[PDB]
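Quick setup: one chain, the form solved without the named molecule, written in structure tokens, and binding and motion questions come after.
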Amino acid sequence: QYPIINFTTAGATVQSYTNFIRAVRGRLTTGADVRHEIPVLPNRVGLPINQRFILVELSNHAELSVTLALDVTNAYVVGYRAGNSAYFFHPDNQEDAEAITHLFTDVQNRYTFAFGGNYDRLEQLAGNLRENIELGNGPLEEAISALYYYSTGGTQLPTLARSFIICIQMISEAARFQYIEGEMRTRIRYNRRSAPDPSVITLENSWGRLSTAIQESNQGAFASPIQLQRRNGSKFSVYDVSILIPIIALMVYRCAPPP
């Protein structure tokens, strides 16, 4: 009953990846709140649970398929299905736990992780930092096999964690930022994998702050600048929503929009 977007990594191109991410955004929004030309995700409060999630079915060159569940309120992966098993990140508010019981209700085996989905938990689990984990079509292809074979006991947990990190960044963060989508399109266009540079990681770390600064801004103007980093790690200050318009595609809801 939840909407499904399909994507295959095998023979993926800039175009098929672009179409996939646009379709993902399309399902996450309307939610027709746009603040400064930037769509805001639905406020979870008052959100009917039938509208809470979307499903992203990934398949790969090995003909393996896993379906991820994304929370439409933050674009984030809450868990996934592989065959007859479903796995969920440990929630952290009883409304979440409530919400996820409506996911993958037909599956035989449903497990909840001890851990949550945040990069901090995941990075230690993987024994690697985001900056040391390659992204690209290759890593995503492998991530899909890893996620699938976990449902059968053939995947070590640190490989799993690494797989979540790859997926979350190439789907959730890409839906959130045209800039990160751009970074992944480029890796795909040249079939090169590489770890995310500091510009990517700082965007990811600052998504909440960015959303708040934009929705609280005075006519687009930030009362206080936000520091981001360039590709080479040198820092720069954002003072205004204008420069973020071609960077950020979705925002998490923060308060009502002022009339």
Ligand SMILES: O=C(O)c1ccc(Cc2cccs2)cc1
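Positions refer to the first chain, counted from 1. Residues that one form lacks are left out of the comparison. By rigid core we mean the largest C-alpha set that fits within 1.5 Å across both forms. What changes on going to the form deposited with the named molecule bound:
- Looking at CA displacements between the two forms with the core superposed, a shift of 2 Å or more is confined, among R44, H61, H36, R193, to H36.
- Moving regions between the two forms, defined as 3+ consecutive residues each with a CA shift of at least 2 Å after core superposition, lie at 30 to 32, 34 to 36, 256 to 258.
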Contents of the next structure:
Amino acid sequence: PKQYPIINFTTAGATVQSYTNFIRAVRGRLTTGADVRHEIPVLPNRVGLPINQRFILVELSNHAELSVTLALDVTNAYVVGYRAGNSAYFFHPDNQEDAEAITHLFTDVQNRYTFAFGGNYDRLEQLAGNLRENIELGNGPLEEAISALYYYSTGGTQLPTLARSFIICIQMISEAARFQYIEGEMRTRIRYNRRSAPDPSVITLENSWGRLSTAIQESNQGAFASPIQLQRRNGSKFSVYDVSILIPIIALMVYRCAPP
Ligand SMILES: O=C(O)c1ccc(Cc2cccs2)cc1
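Having looked at the form solved without the named molecule, could you now put up the form deposited with the named molecule bound?
After this comes the whole thing, all chains and molecules, with the earlier chain placed first.
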């Protein structure tokens, strides 16, 4: 339709309800082409997906009324790049096909840049000089991340702050879309007007998203080949035998194959 779907969100006067509707809307657009036949939605297969269905845009704004737009890949719900003003910035794609795909984003803009680095946490934590466990999430942090992303395009933001801001945005949007549990953790932060880094329960879920997507889609009648290990709020390890307990926790999965 000329442009990809746009969801708007603002930190200005943000409430639990407004964040909830925002995440609801993002999931909606992510799952237009999803396989919703089983207990957990499966995002469209990367292979053969027409380019006009490949991305969604998330436009973020704050009290300062600065605006940036993130591009998310519908196949994994992950941020691939963003726009601020007349410039767009992309994470380093892993292959030639992904590199072609992003040429279809933000075609309007004068200035296009591809970072040397990918958008995985390991690398972003390195650039930020900060682990996820010491980077606070909440409305306040998201407000500041929006400003920092905007001012990267004017020379006002240094790369470590940019990376820290991506880590914030990805967790509060992509991971909240992927995980009802993480969305809920954000709702609590918004309710009580607090900012705090994610505990190990949030972090291991984020790290386990691909593995969980795999174990679930390769399960025998919903029971797992081998158990997957997660962490509680206090760091203690437990394991999960079957999908039952994960249906309320994971909202979307990356396409995975299945056995012979
Ligand atoms: O006991 C806890 O603190 C705890 C246990 C499990 C999780 C992850 C899940 C929450 C609901 C189902 S699995 C988080 C925190």
